[PDB]
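Below, each chain spelled out in residue letters.
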Amino acid sequence: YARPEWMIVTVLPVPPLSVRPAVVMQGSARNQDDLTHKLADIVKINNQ
Amino acid sequence: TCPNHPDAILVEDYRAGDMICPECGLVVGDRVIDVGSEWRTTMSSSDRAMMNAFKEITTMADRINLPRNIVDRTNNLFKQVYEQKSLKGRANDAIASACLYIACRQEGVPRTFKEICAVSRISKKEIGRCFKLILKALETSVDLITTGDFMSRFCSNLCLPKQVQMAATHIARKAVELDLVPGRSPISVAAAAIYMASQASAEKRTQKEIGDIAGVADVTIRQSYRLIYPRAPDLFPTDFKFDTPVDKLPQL
Amino acid sequence: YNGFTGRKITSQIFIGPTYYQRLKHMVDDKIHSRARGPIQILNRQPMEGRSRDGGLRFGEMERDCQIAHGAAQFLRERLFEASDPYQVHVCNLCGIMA
Amino acid sequence: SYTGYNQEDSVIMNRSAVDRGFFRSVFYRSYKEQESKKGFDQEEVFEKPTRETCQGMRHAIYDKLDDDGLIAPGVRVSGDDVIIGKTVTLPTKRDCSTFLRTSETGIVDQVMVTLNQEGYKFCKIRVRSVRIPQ
Amino acid sequence: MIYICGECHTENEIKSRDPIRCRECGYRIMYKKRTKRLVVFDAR
Amino acid sequence: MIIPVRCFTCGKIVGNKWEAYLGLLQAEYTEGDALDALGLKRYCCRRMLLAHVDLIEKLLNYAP
Amino acid sequence: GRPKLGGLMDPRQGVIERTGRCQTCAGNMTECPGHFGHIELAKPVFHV
Amino acid sequence: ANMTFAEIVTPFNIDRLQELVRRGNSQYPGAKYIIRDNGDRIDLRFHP
Amino acid sequence: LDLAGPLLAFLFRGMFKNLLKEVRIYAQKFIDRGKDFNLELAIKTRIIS
Amino acid sequence: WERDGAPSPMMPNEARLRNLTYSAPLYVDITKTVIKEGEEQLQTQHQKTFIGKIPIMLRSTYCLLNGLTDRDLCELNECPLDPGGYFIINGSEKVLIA
Ligand SMILES: [Zn+2]
Ligand SMILES: [Zn+2]
Ligand SMILES: [Zn+2]
Ligand SMILES: [Zn+2]
Ligand SMILES: [Zn+2]
Numbered sequence: 001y002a003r004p005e006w007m008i009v010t011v012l013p014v015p016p017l018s019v020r021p022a023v024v025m026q027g028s029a030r031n032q033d034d035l036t037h038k039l040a041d042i043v044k045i046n047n048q
Numbered sequence: 001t002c003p004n005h006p007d008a009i010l011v012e013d014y015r016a017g018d019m020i021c022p023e024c025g026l027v028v029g030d031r032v033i034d035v036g037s038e039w040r041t042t043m044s045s046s047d048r049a050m051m052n053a054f055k056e057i058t059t060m061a062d063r064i065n066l067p068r069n070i071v072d073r074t075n076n077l078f079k080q081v082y083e084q085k086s087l088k089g090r091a092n093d094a095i096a097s098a099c100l101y102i103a104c105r106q107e108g109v110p111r112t113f114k115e116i117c118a119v120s121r122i123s124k125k126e127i128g129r130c131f132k133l134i135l136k137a138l139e140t141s142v143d144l145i146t147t148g149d150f151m152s153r154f155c156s157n158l159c160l161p162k163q164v165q166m167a168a169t170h171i172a173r174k175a176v177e178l179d180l181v182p183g184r185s186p187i188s189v190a191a192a193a194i195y196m197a198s199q200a201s202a203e204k205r206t207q208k209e210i211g212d213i214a215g216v217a218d219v220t221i222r223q224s225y226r227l228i229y230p231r232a233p234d235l236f237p238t239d240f241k242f243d244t245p246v247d248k249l250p251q252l
Numbered sequence: 001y002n003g004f005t006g007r008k009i010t011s012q013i014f015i016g017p018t019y020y021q022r023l024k025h026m027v028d029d030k031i032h033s034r035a036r037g038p039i040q041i042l043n044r045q046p047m048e049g050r051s052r053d054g055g056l057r058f059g060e061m062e063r064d065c066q067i068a069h070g071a072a073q074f075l076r077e078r079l080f081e082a083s084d085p086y087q088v089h090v091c092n093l094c095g096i097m098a
Numbered sequence: 001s002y003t004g005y006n007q008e009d010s011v012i013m014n015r016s017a018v019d020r021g022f023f024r025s026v027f028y029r030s031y032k033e034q035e036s037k038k039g040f041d042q043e044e045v046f047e048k049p050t051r052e053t054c055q056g057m058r059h060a061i062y063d064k065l066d067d068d069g070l071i072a073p074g075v076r077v078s079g080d081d082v083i084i085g086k087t088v089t090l091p092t093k094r095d096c097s098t099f100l101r102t103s104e105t106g107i108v109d110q111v112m113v114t115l116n117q118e119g120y121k122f123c124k125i126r127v128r129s130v131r132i133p134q
Numbered sequence: 001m002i003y004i005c006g007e008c009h010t011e012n013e014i015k016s017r018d019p020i021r022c023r024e025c026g027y028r029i030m031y032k033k034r035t036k037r038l039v040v041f042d043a044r
Numbered sequence: 001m002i003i004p005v006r007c008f009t010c011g012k013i014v015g016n017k018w019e020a021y022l023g024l025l026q027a028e029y030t031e032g033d034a035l036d037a038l039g040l041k042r043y044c045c046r047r048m049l050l051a052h053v054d055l056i057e058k059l060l061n062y063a064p
Numbered sequence: 001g002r003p004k005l006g007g008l009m010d011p012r013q014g015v016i017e018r019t020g021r022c023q024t025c026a027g028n029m030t031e032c033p034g035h036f037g038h039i040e041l042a043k044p045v046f047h048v
Numbered sequence: 001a002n003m004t005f006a007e008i009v010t011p012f013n014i015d016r017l018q019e020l021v022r023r024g025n026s027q028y029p030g031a032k033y034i035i036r037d038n039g040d041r042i043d044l045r046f047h048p
Numbered sequence: 001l002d003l004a005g006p007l008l009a010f011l012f013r014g015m016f017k018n019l020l021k022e023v024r025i026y027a028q029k030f031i032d033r034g035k036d037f038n039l040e041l042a043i044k045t046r047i048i049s
Numbered sequence: 001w002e003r004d005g006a007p008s009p010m011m012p013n014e015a016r017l018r019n020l021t022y023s024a025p026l027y028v029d030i031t032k033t034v035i036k037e038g039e040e041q042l043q044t045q046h047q048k049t050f051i052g053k054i055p056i057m058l059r060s061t062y063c064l065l066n067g068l069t070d071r072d073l074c075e076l077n078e079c080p081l082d083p084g085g086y087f088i089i090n091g092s093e094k095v096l097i098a
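Protein chains in written order, with this note's numbering: chain A, 1 to 48; chain B, 1 to 252; chain C, 1 to 98; chain D, 1 to 134; chain E, 1 to 44; chain F, 1 to 64; chain G, 1 to 48; chain H, 1 to 48; chain I, 1 to 49; chain J, 1 to 98.
Hints listed in this document are in silico derivations from the structure and should not be mistaken for laboratory results.
What you were told as hints is all true, and nothing was included just to trick you.
List of simulated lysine-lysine pairs, DSS-like, C-alpha gap at most 25 Å:
#1 J:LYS32 to I:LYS44
#2 B:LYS125 to I:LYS29
#3 I:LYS44 to B:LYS125
#4 B:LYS114 to J:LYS32
#5 J:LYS36 to I:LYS21
#6 J:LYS32 to I:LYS17
#7 E:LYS36 to D:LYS124
#8 J:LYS48 to I:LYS21
#9 B:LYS208 to J:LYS48
#10 A:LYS44 to G:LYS4
#11 B:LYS204 to J:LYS48
#12 J:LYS36 to I:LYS29
#13 I:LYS21 to B:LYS55
#14 D:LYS124 to C:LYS24
#15 B:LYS114 to I:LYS35
#16 B:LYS241 to B:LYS204
#17 A:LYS44 to G:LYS43
#18 D:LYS124 to E:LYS33
#19 A:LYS38 to G:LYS43
#20 B:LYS125 to B:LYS85
#21 E:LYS33 to D:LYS32
#22 J:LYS94 to D:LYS32
#23 B:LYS85 to B:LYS124
#24 J:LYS48 to I:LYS44
#25 I:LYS17 to B:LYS55
#26 I:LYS17 to I:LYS44
#27 B:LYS124 to I:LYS35
#28 B:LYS55 to I:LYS44
#29 B:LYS132 to B:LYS79
#30 F:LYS41 to C:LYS8
#31 I:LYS29 to B:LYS88
#32 B:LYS85 to D:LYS37
#33 B:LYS124 to I:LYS29
#34 J:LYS32 to J:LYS48
#35 J:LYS53 to I:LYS21
#36 B:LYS124 to I:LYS44
#37 J:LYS53 to J:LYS32
Construct all of the structure, not just a fragment, from the sequences and the given hints.
Laid out in structure tokens, this is it:
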């Protein structure tokens with residue numbers, strides 16, 4: 001159930017869209033959740 | 001996507017926040033609508049430069065008590081220009097000053113370039129240069145200024161009575177309609193009409209006072225006034241009270 | 001005199017003009033009800049819609065009361081069935097939701 | 001101790017006095033709304049939504065609203081009614097009308113339109129609800 | 001679409017495009033005219 | 001704001017006695033004598049006029 | 001105009017709009033429980 | 001009239017419940033919804 | 001008891017100190033640039049308002 | 001100041017109605033002296049330089065409702081009994097608790 005090597009993050013899990021949904025504010029503007037905002041940086045840095 | 005009635009326009013219900021079949025009553029989705037959302041009932045240089053531009057717009061606007069709606073319009077105009085980048089070479093203060101002039105023009109409350117220059121470190125010339133460049137950058141245009149657009153501010157700044165403001169408006173409007181001031185700047189025409197009406201009223205203001213507040217040289221006022229003075233009785237309203245008759249207005 | 005029967009009341013009543021004040025607390029401003037109303041999409045729990053239909057918080061004090069009552073079924077309903085009844089599939093081999 | 005309905009700090013009132021206006025009062029609730037053009041893509045404005053104007057509209061009656069999107073004084077309103085019809089331009093135009101609460105039931109007493117501190121079109125709607133002692 | 005100026009109490013017709021400003025008084029507070037619709041009050 | 005049409009307690013018409021009452025007070029009648037002259041025998045009816053405050057008089061000082 | 005596969009708002013993670021269904025669950029916003037995405041890290045990371 | 005209790009339809013109450021269904025929300029006592037054996041919910045006020 | 005006077009005096013003293021501090025920065029920038037400064041522009045009316 | 005820039009006296013009723021801030025324009029006389037190391041000084045005075053607006057307490061000596069008779073207050077749609085002593089900030093009557 002637990003291994004030391006599993007303490008190192010080698011692959012990051014992405015929460016479902018329901019856990020971090022995109023709210024709509026000031027019209028049709030899809031306001032992304034705080035997690036989606038950081039996930040965007042994660043994938044950007046990952047690609048970089 | 002009604003299960004039983006394909007292609008059925010489900011009706012949104014605020015009572016539980018769900019969508020119901022328009023001809024069956026079948027509730028589709030438990031409570032997926034989120035009725036509250038539907039019915040109301042460490043800094044990037046680009047953002048920092050934009051933020052700095054906003055701080056300048058609010059400062060310049062405050063000096064002339066411009067309403068917040070004009071500031072919002074100016075910020076949106078600035079953002080488009082800043083994002084379009086056709087004036088990337090120009091200084092943000094010049095761009096902000098020209099955007100502020102455009103916002104006033106778009107809002108229908110034009111401020112002369114001298115007034116915008118008086119609140120900004122950028123000179124009239126650079127604002128004028130940035131002004132046309134922004135119009136090209138935005139592919140937009142602003143309505144032509146008129147003599148009546150300045151009567152309210154100038155007459156109020158001159159503490160002239162309502163009737164004097166109305167008379168100046170009629171005089172300026174009729175002077176333009178009669179084409180008595182060809183090529184003359186509307187500001188020069190407005191100031192001359194204000195001088196004429198003021199000299200005809202109890203509240204008499206000098207060309208210097210009007211020139212200082214309107215931002216027009218007394219010579220320009222004098223020339224514009226000299227052009228309209230001969231037709232003054234046609235320019236004055238029929239329903240106007242003369243403290244000093246039009247026939248006795250200053251000749252110069 | 002009794003209004004219903006007209007019979008004199010045995011005791012004489014203290015009666016007289018007294019200055020009364022109506023307070024701003026009206027019942028129509030406080031009455032509210034919630035029954036399968038709008039829920040939060042993120043939390044899937046009750047919230048106010050276009051009225052005061054948001055429900056009552058079944059807090060720790062109420063839970064402890066129901067525990068003392070031993071009404072485990074009602075306690076479960078209020079804390080689960082009446083707020084966010086949900087079911088998920090979980091693997092028996094890995095214990096993770098599938 | 002007249003029939004016990006006044007026990008534990010309760011009071012019994014004369015229904016005939018209440019019928020005569022005893023302690024009758026009027027409750028005025030003022031609703032304020034403004035139209036702001038912040039963000040060039042969005043432009044909210046007061047106007048009654050129409051089937052062709054808005055891509056999606058509820059079966060709720062907007063007949064209470066005038067052509068300016070504002071309800072007129074002397075009109076009965078309830079939680080089912082709209083007091084202000086506001087629509088915001090989408091990046092079709094969406095509707096962001098202001099509905100009253102289910103508890104809010106009255107008559108529009110006064111509706112003023114002005115330019116607020118921001119210079120934006122601003123309006124205040126005062127709804128009058130008469131509260132009879134009960 | 002008639003509004004009453006709050007200062008000069010003058011009925012003036014205003015469109016969606018022209019400003020709220022009073023035609024003659026210049027006052028910027030306008031009150032919508034009372035609805036012409038019939039409202040029934042039981043005298044209770 | 002204005003004088004009640006009916007006395008809350010008993011229903012007697014008191015809404016037509018206010019200007020009469022004011023006239024008696026202007027005629028130097030004591031408040032009790034004015035109420036007696038108006039025939040307000042029950043103290044519940046007397047309570048209406050003796051304690052009424054006619055604010056409509058003050059509200060009419062504001063332009064329509 | 002639509003979500004893209006392998007993106008932050010990947011349709012496999014769950015339902016995107018209330019009037020839709022995710023391809024993996026084929027269920028609505030309430031039926032779909034949501035699903036996890038994963039980001040393989042080019043370099044292992046210490047878990048805080 | 002705003003709060004409801006879900007009564008299972010039984011031969012003991014089929015007729016009594018059928019009456020409340022036709023009475024609906026406009027008339028109290030009535031009913032708000034019908035849940036069929038399939039688990040689908042029908043709003044009585046929409047189509048009586 | 002700090003009434004409206006003492007309370008606003010405490011604010012106005014801080015806001016005026018910020019205003020003068022702001023004037024120095026603006027004026028010094030122009031002086032550093034080698035040009036005179038317009039006092040009318042150095043003042044930021046937003047600080048007190 | 002109206003959108004066009006016309007200054008106008010603000011009545012408190014208007015401030016409450018239009019959600020304005022009842023503020024008084026604050027001006028200060030400033031004297032600028034420059035010295036250019038040439039044993040000479042140039043003194044320039046900016047008369048009534050605008051520095052901001054101070055929110056005004058109603059019925060204070062600086063308020064428009066100062067010295068007005070009860071009839072004048074009624075004409076302004078103001079209650080003669082209103083004590084004042086509060087500020088109108090964005091249309092909201094704000095009272096400073098001692
Ligand atoms: Zn079907
Ligand atoms: Zn498994
Ligand atoms: Zn007017
Ligand atoms: Zn009586
Ligand atoms: Zn899914």
